[PDB]
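Could you put together the complete structure from these sequences and hints?
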Amino acid sequence: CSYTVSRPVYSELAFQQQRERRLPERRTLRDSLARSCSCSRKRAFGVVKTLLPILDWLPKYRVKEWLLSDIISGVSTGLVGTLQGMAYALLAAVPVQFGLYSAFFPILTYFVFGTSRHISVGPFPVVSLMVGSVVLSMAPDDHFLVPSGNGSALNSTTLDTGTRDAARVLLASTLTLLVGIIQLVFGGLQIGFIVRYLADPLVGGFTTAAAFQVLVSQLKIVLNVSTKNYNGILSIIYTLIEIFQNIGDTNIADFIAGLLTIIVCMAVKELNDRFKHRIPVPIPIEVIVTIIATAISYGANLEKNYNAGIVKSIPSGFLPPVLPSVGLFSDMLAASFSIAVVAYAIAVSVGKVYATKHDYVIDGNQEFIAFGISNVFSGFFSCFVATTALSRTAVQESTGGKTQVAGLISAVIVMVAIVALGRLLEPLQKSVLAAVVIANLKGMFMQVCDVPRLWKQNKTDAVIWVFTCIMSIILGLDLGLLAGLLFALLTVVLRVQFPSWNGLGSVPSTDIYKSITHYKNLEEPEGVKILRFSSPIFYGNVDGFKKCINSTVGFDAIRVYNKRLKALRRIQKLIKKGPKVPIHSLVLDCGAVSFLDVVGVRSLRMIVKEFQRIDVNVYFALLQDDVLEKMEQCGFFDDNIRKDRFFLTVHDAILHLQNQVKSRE
Amino acid sequence: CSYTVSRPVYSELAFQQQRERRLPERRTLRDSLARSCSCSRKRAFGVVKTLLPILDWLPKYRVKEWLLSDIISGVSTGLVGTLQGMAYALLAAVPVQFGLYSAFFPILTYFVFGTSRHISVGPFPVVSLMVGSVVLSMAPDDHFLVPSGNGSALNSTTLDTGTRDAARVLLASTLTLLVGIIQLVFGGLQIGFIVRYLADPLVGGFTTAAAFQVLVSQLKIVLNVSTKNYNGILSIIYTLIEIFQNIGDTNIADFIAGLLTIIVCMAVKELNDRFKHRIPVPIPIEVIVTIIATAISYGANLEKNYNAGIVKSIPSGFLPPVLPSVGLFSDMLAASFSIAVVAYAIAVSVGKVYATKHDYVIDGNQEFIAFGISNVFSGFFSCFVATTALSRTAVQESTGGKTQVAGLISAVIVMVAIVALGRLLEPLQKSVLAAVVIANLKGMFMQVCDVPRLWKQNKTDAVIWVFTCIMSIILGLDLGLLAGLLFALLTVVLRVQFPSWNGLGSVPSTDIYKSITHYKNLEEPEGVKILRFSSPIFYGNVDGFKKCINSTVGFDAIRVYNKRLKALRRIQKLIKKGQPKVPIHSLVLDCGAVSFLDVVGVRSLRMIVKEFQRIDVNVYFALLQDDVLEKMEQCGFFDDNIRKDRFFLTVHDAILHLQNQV
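If you read the sequences in order, they're chains A and B. Numbered by UniProt numbering, the letters in the first sequence go through residues 18 to 595, 651 to 737 in order. Numbered by UniProt numbering, the letters in the second sequence go through residues 18 to 596, 651 to 733 in order.
No lab work stands behind these hints, which were simulated from the structure alone. Wrong hints could be hidden among the right ones.
No more than 20 Å apart at the CA atoms, straight line, and that leaves these computed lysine to any residue pairs for SDA-like [what the hints assert, rightly or not]:
no. : chain 1 : residue 1 : chain 2 : residue 2
1   : B       : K580      : A       : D73
2   : B       : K537      : A       : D698
3   : A       : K476      : B       : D697
4   : A       : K564      : B       : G63
5   : A       : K369      : A       : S408
6   : A       : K563      : B       : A372
7   : B       : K537      : A       : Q33
8   : B       : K702      : B       : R685
9   : B       : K374      : A       : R677
10  : A       : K419      : B       : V80
11  : A       : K537      : B       : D698
12  : B       : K580      : A       : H375
13  : A       : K702      : B       : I533
14  : A       : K564      : B       : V80
15  : A       : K681      : A       : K734
16  : A       : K702      : A       : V673
17  : B       : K563      : A       : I208
18  : A       : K59       : A       : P70
19  : A       : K476      : A       : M488
20  : B       : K531      : A       : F32
21  : B       : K77       : B       : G417
22  : B       : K473      : A       : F709
23  : B       : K652      : B       : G663
24  : A       : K369      : A       : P70
25  : B       : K531      : A       : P25
26  : A       : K369      : B       : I575
27  : A       : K419      : A       : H375
28  : B       : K329      : B       : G63
29  : A       : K734      : A       : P25
30  : B       : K531      : A       : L40
31  : A       : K473      : B       : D698
32  : A       : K564      : B       : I211
33  : A       : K419      : A       : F32
34  : A       : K374      : A       : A362
35  : B       : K476      : A       : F708
36  : B       : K702      : B       : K715
37  : A       : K563      : A       : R674
38  : A       : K590      : B       : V80
Have a look at this one:
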């Protein structure tokens with residue numbers, strides 16, 4: 018239809034006179050905290066069901082086919098998880114048994130406190146890399162070597178194989194306990210807005226840099242070289258240079274086997290991902306490649322005849338729980354916070370993906386509490402921080418998963434592979450386990466293809482991705498996240514400090530105002546210059562507003578007044594002996665403002681007063697109600713600056729100006 | 018007065034089909050790189066005029082209240098400048114001989130280059146310890162340590178003199194020159210937007226603990242409490258408790274001397290403010306309490322008969338310029354960057370605290386090159402850094418003062434005090450001049466009265482003011498402004514992340530849409546609701562924008578879809594076996664106050680439209696003027712079905728569209 022209205026010009030005061038405002042509710046802090054404290058059984062049952070979601074999906078089971086679905090998904094997920102754990106155990110500088118330990122206890126702890134259905138809690142390459150890095154920084158290799166072995170010239174300060182692994186495991190357990198404590202603190206205090214700052218490009222660049230560092234570390238492990246655990250600034254570049262300079266001390270057989278298994282696994286994964294319509298169940302290439310590697314490595318003495326690198330350090334048993342060594346929290350609090358926040362970000366991402374894929378809800382604070390409790394329980398049993406891997410979660414989702422019971426069954430596989438099974442994997446080469454990690458890096462390596470897409474989009478979003486990826490390589494990986502979040506906040510501040518001001522004008526015989534820099538056939542009021550200023554004025558962008566006003570009016574309220582004062586004294590001396653031509657009004661269309669930052673309202677009142685001396689009226693067009701209520705308390709409506717200066721709509725100001733010009737020449 | 022705005026409802030595609038756009042100018046730098054100043058002499062004369070801020074106020078001052086006012090004010094800050102030069106020089110582990118030069122030469126080059134009044138360039142308390150820190154690190158205390166002097170048992174390892182202090186001044190001279198050239202090279206690329214981040218409560222909360230820092234630094238000299246040097250964290254607390262712990266060895270004669278002078282100097286100060294209409298010219302009590310103190314000290318010998326503490330070490334005569342060591346600039350370069358940044362912060366912070374009481378707003382780019390060449394001019398003469406003390410700028414502004422010429426005449430007082438008035442201020446008790454800074458310090462101590470004022474105006478800046486005040490006490494003045502600057506920017510990103518979202522509603526028989534939580538007797542369209550976020554949808558408020566919708570519509574778009582298919586699968590199996652939705656039709660997001668969008672926002676906003684589309688509830692939008700509209704279509708917001716027809720120019724056009732549709 019059509020749009021036509023008829024109403025008087027209610028600028029600021031003609032609207033608030035016949036409009037009874039809504040009185041705010043009484044605070045009553047005592048009764049507020051008293052009423053908020055729930056005591057009925059309904060709220061108690063609700064918070065119990067929320068805190069322990071296990072009692073929710075259990076009574077409504079569909080055992081009939083869910084039993085078989087969960088048992089097959091559980092055996093598949095258990096195989097995949099024990100393989101990923103025995104692969105990532107090298108990234109934590111701990112023996113291979115602790116990876117399987119951390120692949121068993123966190124699942125049992127999440128089964129009774131989790132709220133998702135497809136999230137496979139377990140090891141993660143990025144988290145394991147960060148744990149290994151902080152362990153090497155806190156416990157280097159050259160800090161445990163013992164002189165023994167009757168050396169030739171000096172004391173035989175060989176490796177400390179033995180008690181060194183116990184110290185590393187205790188350090189990892191303390192780190193996991195601190196991470197769990199930090200996560201529980203973030204969850205219980207309802208502080209969950211801190212993880213909102215991890216933007217999608219930021220986390221993408223961080224995952225890309227972490228995958229690059231994981232590739233570097235796995236190539237170091239495959240080549241079987243001896244580095245000096247370079248950590249700190251340019252650690253990845255320095256260790257890559259050291260690898261390139263230490264090529265001579267490699268293993269040709271291990272390198273050939275690693276390249277072969279890498280090619281095979283990549284080809285099989287690509288074939289399964291591309292031709293999915295012909296094979297419904299993904300072929301567990303990891304399982305078969307591990308089986309064939311253990312079979313080939315057992316036939317011949319690859320440890321003696323080829324000098325390969327195997328584990329051969331599997332005790333095949335459990336251990337009583339050990340209390341963590343408290344006292345190292347002050348020097349690892351930042352690392353624990355970084356690990357916790359990156360793990361929570363990755364977990365929330367995976368959960369949202371697999372939830373919008375299956376159309377169910379996942380709570381954030383509940384997942385935070387669940388991961389915190391899981392890490393706390395793992396810290397008491399010599400385990401590292403657990404997360405959800407994209408590759409491990411994809412297998413459980415492809416095999417068919419409904420509830421966390423498949424995860425409970427997934428622990429049974431690791432369970433039987435810890436107590437009795439496991440010693441058969443003795444001659445397995447470490448390069449084989451170090452290869453599947455590289456093969457799983459294809460997902461995060463293809464994330465670089467977004468920069469050509471993001472560059473065509475908003476350019477500031479692409480700068481954050483490149484900055485996060487590059488900075489997380491120079492000053493390590495842990496400090497790179499802190500340098501990325503601050504950079505993202507600074508980029509946000511830059512977008513609100515430099516707004517997009519225009520020359521808003523009116524279309525002929527209309528009421529809507531559009532910009533003049535993007536249109537040609539627009540009419541402007543005679544003398545009146547309209548200006549719109551988004552990105553509300555604060556202490557940092559007030560000079561920007563001054564410059565924008567000076568540019569849109571053509572002159573300066575200071576220089577014109579100084580010239581007027583200089584010409585005024587010339588008149589008083591001549592009688593004793595014997651610029652602002654086109655500008656008529658200035659309508660500020662501050663309709664996109666949210667806050668005011670009274671430090672800036674001072675300069676706004678200063679501008680209004682300065683333009684009054686040069687007889688140039690400066691009005692307002694579309695100020696919000698809350699903004700005006702805030703400016704009223706900030707001391708802006710004095711005896712001269714009344715409410716008639718403000719307006720409700722942009723057209724009302726122009727209409728009032730036209731009426732005043734017609735009625736007063 | 019009524020007005021006829023009869024016009025059919027216009028959407029985006031219905032408004033761009035009859036109008037025309039404008040070709041945006043790319044403005045490539047391959048041919049437009051010489052458009053700033055090629056041959057026009059007007060632009061050349063402009064940059065020279067701004068480069069020399071001497072042709073602006075000097076040919077413009079009025080001599081009515083200029084001659085007598087600035088002279089009596091110059092000697093006031095000139096006397097204080099002499100004490101700071103004689104005090105801060107000892108703390109820098111260098112001989113106390115060049116303190117007077119740092120207040121004479123840098124003022125001359127700043128008198129012509131630099132437009133910032135009420136500032137006395139010279140040494141600063143917290144910057145003198147930083148110089149003494151880097152000197153003792155890269156230079157041992159004993160250079161040669163000649164073991165001679167026929168000691169008790171072994172050779173008397175006497176500390177070498179003459180050559181030791183000469184190298185210390187040479188090292189300090191190279192440091193000031195290295196900071197100067199670094200201070201000047203920053204002005205090349207014109208980084209002057211950093212001063213815009215220093216808010217009035219930021220500099221107000223900063224120049225209130227520094228007034229407390231300069232209070233405790235002047236309290237240990239007025240009480241003669243030998244305390245150790247402390248810097249970094251808890252510097253003010255450790256020095257405060259040391260005075261109270263070492264209060265025993267306090268000069269009783271010097272205590273009653275300073276206590277009697279601090280009262281009489283502040284009493285006459287407020288008396289001049291009360292009788293300012295009677296006596297036109299303010300009485301310079303600073304020069305009065307100075308000459309009477311030398312009389313009671315020289316006529317009674319307060320040093321050798323009362324042990325009160327005097328200067329008694331005033332040098333005489335200038336020194337020729339000495340060339341620095343270029344081969345040592347590489348070592349000080351790693352440490353001068355930290356000192357150069359904190360110097361410029363304190364230098365401009367004392368200019369903004371006085372910019373609120375007088376309309377003298379300055380620019381950071383001009384002050385960066387002004388103080389830059391001043392420290393360069395400070396070089397080659399073995400001077401100190403060209404900072405500005407907080408005590409000298411207070412005694413000049415509170416006790417009169419019109420322009421920067423008060424610093425020029427102050428150097429003249431220092432000029433005659435070194436060549437002809439050296440023996441004059443010899444018995445100065447170092448108390449009447451170390452406590453006179455406390456009298457003029459009330460101008461900054463009374464600045465804490467804005468806490469109840471700012472709290473009633475806006476809660477955010479009130480927290481910023483008290484935060485920077487308490488943080489500068491613990492983390493010191495060095496990291497205090499740095500931590501407060503990040504906290505000030507944090508309040509900007511928080512206010513833009515959690516806006517004041519409210520549901521809007523029209524007024525009867527009109528098209529004005531205002532908030533319903535602040536007004537009454539409003540009405541809402543049956544089945545159509547209005548939501549105004551009034552904030553940009555960036556990566557931080559992505560879920561906050563979702564929580565704003567589900568809390569306003571009553572339901573949650575996520576839980577109504579899974580329960581819909583749950584009931585759908587429930588009734589489906591019953592057919593083979595045998596047999651809370653709000654009536655709101657659509658919602659119009661009044662997201663007109665958005666200023667920018669990101670890739671996370673355009674993706675999340677697309678998911679919201681697709682989410683409500685599956686629930687048979689449409690979602691419409693509001694005015695996206697120039698940027699937030701073109702950015703969405705560039706990020707791939709319209710793929711197959713979502714079109715620009717769902718948008719609207721005005722909020723009322725959205726209501727009229729849903730009205731005639733049903």
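Fill in: Those earlier numbered hints the structure runs against, lowest number first
As far as the earlier hints go, 8, 10, 14, 15, 23, 28 and 33 are violated by this structure, in ascending order.
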